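Engineer: Take a look at the letters that make up each chain.
Number of protein chains: 4
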Amino acid sequence: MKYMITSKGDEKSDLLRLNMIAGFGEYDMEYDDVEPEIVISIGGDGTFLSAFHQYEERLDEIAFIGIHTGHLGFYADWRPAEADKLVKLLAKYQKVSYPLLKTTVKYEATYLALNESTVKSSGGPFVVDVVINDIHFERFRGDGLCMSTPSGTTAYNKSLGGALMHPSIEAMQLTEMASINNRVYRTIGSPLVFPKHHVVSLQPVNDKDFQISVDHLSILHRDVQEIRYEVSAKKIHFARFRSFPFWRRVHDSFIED
Amino acid sequence: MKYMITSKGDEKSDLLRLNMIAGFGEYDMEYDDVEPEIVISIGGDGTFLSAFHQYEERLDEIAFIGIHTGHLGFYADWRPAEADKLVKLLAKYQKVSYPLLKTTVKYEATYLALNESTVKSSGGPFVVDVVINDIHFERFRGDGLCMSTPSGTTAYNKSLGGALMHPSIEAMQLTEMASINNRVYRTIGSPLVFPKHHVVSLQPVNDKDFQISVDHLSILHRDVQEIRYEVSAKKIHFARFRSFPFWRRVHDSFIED
Amino acid sequence: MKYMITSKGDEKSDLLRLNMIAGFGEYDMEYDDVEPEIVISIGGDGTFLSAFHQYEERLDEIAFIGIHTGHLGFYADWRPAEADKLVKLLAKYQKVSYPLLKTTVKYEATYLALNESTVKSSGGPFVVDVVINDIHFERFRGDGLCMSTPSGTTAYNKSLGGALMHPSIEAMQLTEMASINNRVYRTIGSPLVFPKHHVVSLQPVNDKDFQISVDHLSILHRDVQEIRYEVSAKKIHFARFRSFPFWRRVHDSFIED
Amino acid sequence: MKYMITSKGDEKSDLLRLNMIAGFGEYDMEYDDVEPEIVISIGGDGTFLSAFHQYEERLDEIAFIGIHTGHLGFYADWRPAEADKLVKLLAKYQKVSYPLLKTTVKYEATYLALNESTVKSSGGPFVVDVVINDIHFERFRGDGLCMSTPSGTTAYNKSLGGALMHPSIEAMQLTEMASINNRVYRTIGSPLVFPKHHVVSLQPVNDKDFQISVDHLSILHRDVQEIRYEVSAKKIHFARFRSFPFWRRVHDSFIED
Ligand SMILES: Nc1ncnc2c1ncn2[C@@H]1O[C@H](COCC#Cc2nc3c(N)ncnc3n2Cc2ccccc2)[C@@H](O)[C@H]1O
Ligand SMILES: Nc1ncnc2c1ncn2[C@@H]1O[C@H](COCC#Cc2nc3c(N)ncnc3n2Cc2ccccc2)[C@@H](O)[C@H]1O
Ligand SMILES: Nc1ncnc2c1ncn2[C@@H]1O[C@H](COCC#Cc2nc3c(N)ncnc3n2Cc2ccccc2)[C@@H](O)[C@H]1O
Ligand SMILES: Nc1ncnc2c1ncn2[C@@H]1O[C@H](COCC#Cc2nc3c(N)ncnc3n2Cc2ccccc2)[C@@H](O)[C@H]1O
Numbered sequence: 510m511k512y513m514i515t516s517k518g519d520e521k522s523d524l525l526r527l528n529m530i531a532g533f534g535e536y537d538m539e540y541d542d543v544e545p546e547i548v549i550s551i552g553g554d555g556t557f558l559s560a561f562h563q564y565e566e567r568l569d570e571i572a573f574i575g576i577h578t579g580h581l582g583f584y585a586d587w588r589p590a591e592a593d594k595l596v597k598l599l600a601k602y603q604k605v606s607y608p609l610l611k612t613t614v615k616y617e618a619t620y621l622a623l624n625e626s627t628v629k630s631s632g633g634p635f636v637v638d639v640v641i642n643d644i645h646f647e648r649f650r651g652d653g654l655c656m657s658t659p660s661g662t663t664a665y666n667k668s669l670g671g672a673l674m675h676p677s678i679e680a681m682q683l684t685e686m687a688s689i690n691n692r693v694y695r696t697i698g699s700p701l702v703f704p705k706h707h708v709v710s711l712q713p714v715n716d717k718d719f720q721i722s723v724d725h726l727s728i729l730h731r732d733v734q735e736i737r738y739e740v741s742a743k744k745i746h747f748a749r750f751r752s753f754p755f756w757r758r759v760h761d762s763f764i765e766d
Numbered sequence: 510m511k512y513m514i515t516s517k518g519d520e521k522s523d524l525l526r527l528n529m530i531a532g533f534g535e536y537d538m539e540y541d542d543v544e545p546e547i548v549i550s551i552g553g554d555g556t557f558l559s560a561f562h563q564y565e566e567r568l569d570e571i572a573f574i575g576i577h578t579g580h581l582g583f584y585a586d587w588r589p590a591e592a593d594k595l596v597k598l599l600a601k602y603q604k605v606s607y608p609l610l611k612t613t614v615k616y617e618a619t620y621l622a623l624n625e626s627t628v629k630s631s632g633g634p635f636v637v638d639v640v641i642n643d644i645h646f647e648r649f650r651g652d653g654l655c656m657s658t659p660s661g662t663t664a665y666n667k668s669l670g671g672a673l674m675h676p677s678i679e680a681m682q683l684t685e686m687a688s689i690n691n692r693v694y695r696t697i698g699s700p701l702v703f704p705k706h707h708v709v710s711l712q713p714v715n716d717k718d719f720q721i722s723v724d725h726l727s728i729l730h731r732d733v734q735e736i737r738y739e740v741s742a743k744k745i746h747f748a749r750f751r752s753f754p755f756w757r758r759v760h761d762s763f764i765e766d
Numbered sequence: 510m511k512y513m514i515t516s517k518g519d520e521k522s523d524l525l526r527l528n529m530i531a532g533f534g535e536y537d538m539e540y541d542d543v544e545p546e547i548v549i550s551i552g553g554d555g556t557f558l559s560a561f562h563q564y565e566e567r568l569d570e571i572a573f574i575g576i577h578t579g580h581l582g583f584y585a586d587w588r589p590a591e592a593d594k595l596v597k598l599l600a601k602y603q604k605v606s607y608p609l610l611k612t613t614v615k616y617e618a619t620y621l622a623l624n625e626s627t628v629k630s631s632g633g634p635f636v637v638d639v640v641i642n643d644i645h646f647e648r649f650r651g652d653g654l655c656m657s658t659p660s661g662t663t664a665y666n667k668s669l670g671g672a673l674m675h676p677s678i679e680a681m682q683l684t685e686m687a688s689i690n691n692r693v694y695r696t697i698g699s700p701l702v703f704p705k706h707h708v709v710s711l712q713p714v715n716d717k718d719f720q721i722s723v724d725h726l727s728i729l730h731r732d733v734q735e736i737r738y739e740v741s742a743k744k745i746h747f748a749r750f751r752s753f754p755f756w757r758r759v760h761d762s763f764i765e766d
Numbered sequence: 510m511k512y513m514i515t516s517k518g519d520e521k522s523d524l525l526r527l528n529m530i531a532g533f534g535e536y537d538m539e540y541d542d543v544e545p546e547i548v549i550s551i552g553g554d555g556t557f558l559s560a561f562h563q564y565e566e567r568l569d570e571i572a573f574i575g576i577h578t579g580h581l582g583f584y585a586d587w588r589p590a591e592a593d594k595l596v597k598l599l600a601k602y603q604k605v606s607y608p609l610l611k612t613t614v615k616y617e618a619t620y621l622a623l624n625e626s627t628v629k630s631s632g633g634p635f636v637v638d639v640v641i642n643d644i645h646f647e648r649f650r651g652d653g654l655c656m657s658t659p660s661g662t663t664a665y666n667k668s669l670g671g672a673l674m675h676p677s678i679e680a681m682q683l684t685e686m687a688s689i690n691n692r693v694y695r696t697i698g699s700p701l702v703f704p705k706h707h708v709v710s711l712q713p714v715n716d717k718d719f720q721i722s723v724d725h726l727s728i729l730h731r732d733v734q735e736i737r738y739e740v741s742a743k744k745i746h747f748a749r750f751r752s753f754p755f756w757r758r759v760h761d762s763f764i765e766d
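Protein chains in written order, with the numbering used here: chain A, 510 to 766; chain B, 510 to 766; chain C, 510 to 766; chain D, 510 to 766.
Just so you know, not all the hints are guaranteed correct.
Cut-off 27 Å, straight-line C-alpha distance, at most; resulting in silico cross-link-like pairs (DSSO-like, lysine-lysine) [said to hold, decoys possible]:
{"hint": "1", "chain 1": "C", "residue 1": "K521", "chain 2": "C", "residue 2": "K615"}
{"hint": "2", "chain 1": "B", "residue 1": "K629", "chain 2": "D", "residue 2": "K511"}
{"hint": "3", "chain 1": "D", "residue 1": "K705", "chain 2": "C", "residue 2": "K611"}
{"hint": "4", "chain 1": "C", "residue 1": "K594", "chain 2": "C", "residue 2": "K521"}
{"hint": "5", "chain 1": "B", "residue 1": "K744", "chain 2": "A", "residue 2": "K611"}
{"hint": "6", "chain 1": "A", "residue 1": "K705", "chain 2": "B", "residue 2": "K705"}
{"hint": "7", "chain 1": "A", "residue 1": "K744", "chain 2": "B", "residue 2": "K705"}
{"hint": "8", "chain 1": "C", "residue 1": "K705", "chain 2": "C", "residue 2": "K611"}
{"hint": "9", "chain 1": "A", "residue 1": "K705", "chain 2": "B", "residue 2": "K604"}
{"hint": "10", "chain 1": "A", "residue 1": "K604", "chain 2": "B", "residue 2": "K705"}
{"hint": "11", "chain 1": "A", "residue 1": "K601", "chain 2": "A", "residue 2": "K511"}
{"hint": "12", "chain 1": "A", "residue 1": "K615", "chain 2": "A", "residue 2": "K717"}
{"hint": "13", "chain 1": "B", "residue 1": "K744", "chain 2": "B", "residue 2": "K611"}
{"hint": "14", "chain 1": "D", "residue 1": "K717", "chain 2": "C", "residue 2": "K705"}
{"hint": "15", "chain 1": "C", "residue 1": "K744", "chain 2": "D", "residue 2": "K717"}
{"hint": "16", "chain 1": "C", "residue 1": "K629", "chain 2": "A", "residue 2": "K717"}
{"hint": "17", "chain 1": "A", "residue 1": "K629", "chain 2": "C", "residue 2": "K629"}
{"hint": "18", "chain 1": "C", "residue 1": "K705", "chain 2": "D", "residue 2": "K744"}
{"hint": "19", "chain 1": "C", "residue 1": "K594", "chain 2": "A", "residue 2": "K629"}
{"hint": "20", "chain 1": "B", "residue 1": "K629", "chain 2": "D", "residue 2": "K744"}
{"hint": "21", "chain 1": "D", "residue 1": "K717", "chain 2": "B", "residue 2": "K717"}
{"hint": "22", "chain 1": "C", "residue 1": "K511", "chain 2": "C", "residue 2": "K604"}
{"hint": "23", "chain 1": "C", "residue 1": "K629", "chain 2": "C", "residue 2": "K717"}
{"hint": "24", "chain 1": "C", "residue 1": "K604", "chain 2": "D", "residue 2": "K705"}
Quick caveat, the hints were computed from the structure, so don't treat them as lab data.
Chain A with its partners taken away, still in its complex shape:
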């Protein structure tokens, strides 16, 4: 079937990519980077992130596979020495799906995040009213906020004190960035985990310009009226050829390998 391979760009990844293409030439496989059914990423989680956003409009029709040429990644969880076996097994697997985060920015633009979406100020103080399902929950003062997908909880969310969620749980997690807490300003402090169909809305107080990130991309948005967070109805699909449990991936990346 139709496939394509993106590469980190270094010598190691490009030649691993050329070898798999050559290996795919021995099977009924058509290279196509317009409408592929299989997207293979060779590099790190950053390369996989780019591969995801390159084809975020055909998620229901693509099974992703990640190969790590360097250290173990959470999305690129195949060793390079397994590419030939990967080519073989891919020629003739099941699919597992991870939840995604929908970000809506009204002034309206919508973005999909595999890891997380963050909001920071354009330079001055960051102050937003946090609204959960249309009820005002808190007025946040600090450096910013981060809304994480389950699989994204091992990334930026983890460094901010958030919990690690198993990707089978359809949820999003909001964590604070250096929140001010005194007698007058008050935030919840704890990370918040929201289920499907809950809407978290960030609304300006004085400044209306925000630096909004979605995975690796970060754009300054001007005259923002609202930022809306919710678990996406779309999901990313992985091709699994064996058992690599998420908690084992966490152990291999953080405890020891």
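For chain A, the structure is supplied; the task is to place chains B, C and D with the ligands on it using the hints.
Structural biologist: Okay, now just chains B, C and D with the ligands, sitting in the frame of chain A:
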């Protein structure tokens, strides 16, 4: 139908209890503390916790209601001035259900937790191997561990840095208590959120005696071979007469009321 | 003696300033904003911060006084209703001194901080080697670092998990901003408190452009070779007319007033 | 001069101890475990802790030396292969001194801590009023409190989120253990660093029985009226034969060796 009322024991709660019993006498309502269909708790979350464990063998046949004579509780979320209206509406509501945590202690005893279950040492050093779905995840050294239900995340779990989970998510959350982290000992540090059907097993390394807590109860267990944590198949059922959202309960308890 | 008064700029502060000037006119007091011996700040800690940096070249010859027209500040710890008494007592007090932080940026520029100095990347990843007294301590990956003065520990340092230090201790405190910690990248995690004469040096790894903040000021520095942190030999001097203990100031600002 | 050697008790430490005693026999050195001038500890920091408390009444007359038969310790910072060189150099060094923590328990007993002193409840809820220099600072609700010496900040204090203090700073650090924070109960949250001559006093609210730890020792104290913390006037003295900086010790123990 059959009902009963437990009380904090102070003058305020006992006389609120006697007034509701008198109010129930004007309706087709039978007091029965053996097989009640409605269990009303008057006091704080501690009183509600006791009411829960008093009838933990008839959870599928009981709808709980909590009344707070003091400050707002997460389970006792009815003001005392609403008892007469509560009696009326209860005479003729829907049910919402929260997940529970199953704790298995092998030497075998099983316990149900509405808030959380914690493990600490019997005095010496606390060292356990943490096993997730039969794979060894980490060797924990520290003061102890805490496995929290969703509704329990606002309690002990919150004070340990855990995330607040909406009770619609069937999950459990494990948080660390003063874990040692240096070149030789290594824990994940972050809280871990587990879905249904994941089993977390704590296993001794040297000392086999542990102080195990389940909600308010805390018992020293001797010659422990394993402690097993998993989301319970049983659920607690609340009688809801109006909308009091969980995130609003969080806001009222922690931000301001 | 010579004095001057800076104001927040609102109607409340300007008219409090005009009343104190009028009150000072009844005494042997000369207004002079070039070489004052007494600098009075009317507003918040931000106004006091500006008053400090306005005269940072005559610190050994100035006693600062802060008046808070809004909430209690840590530097502006005089209520507006005490200005007349303040004018009187100032006409005829002792001095207490707080440590300051010296920041050296080599490409060489030196800055003095009353609260803290922070380092962040110019957009990309922030990676610096942390060198303590010429020995390499760690390679930091994350959002940035913050070096705080003692009196500054109640400000940005506090929101990042740092400890509150009594200003009698001549020290500086380094805290991390969302540090990455996995199998490959490793930071200390804990805040670090350094005594006088210890030098903490930040040194680039790839990117050489950093956004460096000093109190309220924040400037993008290009082609940085090193950022050096050390407890300053200069100190800020406060005019004290009564006992307002630091721990009481902490209690009034964070516990309740 | 007079000396003695304490041992971990394993085969490795006992025979290292016998070899150094034999090596000391070739010099003008007298073994004496009653009034030694040099106390050598062979084992880990736990062995050194025991050696410290064994001679805590002759601290002004003893220079301590620690040898680690296992991993690197913060007090036992000499490799076993250097014992012969240690014997030689000790035969003919300077002294460095670290601050200590004085704990007073009134009902009156006083204890000295090299690492820290902690307070927990006897089983029920732990509630204490925290008083700093006779002013009431906070009412603490939680699992307990920990007051750490500077060199103790790398131990229990570190696991509780406290800052690492260089031992040249004469100070103590108070950190919280799972403090409850909601609308009604409020603690400072941040670690507190106190200078010399500041007195921190813990005072009961309901329960008067506390489990008080001092380094490795932990005793249940009954009918406590007050627990007083302050930087001790006594200091521990180390024999230094070379430069092993504290920050290097921190790096070797926590970053990598
Ligand atoms: N302070 C920060 N701590 C943690 N991550 C941060 C921080 N700042 C920005 N980012 C991130 O950059 C990302 C864009 O680039 C590609 C990627 C990725 C990735 N994804 C994961 C994951 N799911 N699990 C574990 N490792 C991961 N990495 C690897 C990684 C670890 C640490 C830093 C950067 C990258 C964006 O996904 C932000 O999360
Ligand atoms: N350090 C600690 N921090 C927080 N809680 C702790 C700590 N130590 C032990 N407990 C707890 O005692 C409980 C048994 O008594 C009854 C109850 C309850 C309760 N449940 C909740 C809840 N779900 N949401 C919010 N408030 C709650 N409370 C009120 C409450 C707040 C703080 C302390 C105690 C009680 C057991 O449920 C442990 O969680
Ligand atoms: N996330 C953050 N959390 C905390 N402070 C942050 C954060 N981001 C930037 N700042 C800060 O802005 C400052 C420049 O403006 C003037 C000032 C001041 C001040 N000084 C103190 C103090 N010593 N003690 C208590 N209150 C203080 N404030 C008041 C205050 C509290 C919180 C935010 C801003 C201001 C600079 O001193 C940064 O510390
Ligand atoms: N959760 C906890 N985390 C950290 N330490 C804890 C915890 N619980 C109790 N202790 C401690 O046991 C101690 C008594 O035994 C001897 C000792 C020592 C020691 N001293 C230090 C130090 N100064 N620097 C680094 N390593 C140290 N260790 C080694 C060590 C590390 C971790 C646990 C135990 C021991 C007492 O000093 C408590 O601090």
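Engineer: All the hints need checking, so say for each whether the structure fits it.
Structural biologist: We went through each hint and held it up to the structure:
no. : hint             : verdict
1   : C:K521 to C:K615 : violated (43 Å)
2   : B:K629 to D:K511 : violated (44 Å)
3   : D:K705 to C:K611 : holds (25 Å)
4   : C:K594 to C:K521 : holds (18 Å)
5   : B:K744 to A:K611 : violated (31 Å)
6   : A:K705 to B:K705 : holds (16 Å)
7   : A:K744 to B:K705 : holds (20 Å)
8   : C:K705 to C:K611 : holds (11 Å)
9   : A:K705 to B:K604 : holds (20 Å)
10  : A:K604 to B:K705 : holds (20 Å)
11  : A:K601 to A:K511 : holds (13 Å)
12  : A:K615 to A:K717 : holds (11 Å)
13  : B:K744 to B:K611 : holds (11 Å)
14  : D:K717 to C:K705 : violated (42 Å)
15  : C:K744 to D:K717 : violated (45 Å)
16  : C:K629 to A:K717 : holds (23 Å)
17  : A:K629 to C:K629 : holds (14 Å)
18  : C:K705 to D:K744 : holds (20 Å)
19  : C:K594 to A:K629 : violated (44 Å)
20  : B:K629 to D:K744 : violated (34 Å)
21  : D:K717 to B:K717 : violated (31 Å)
22  : C:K511 to C:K604 : holds (16 Å)
23  : C:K629 to C:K717 : holds (11 Å)
24  : C:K604 to D:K705 : holds (20 Å)
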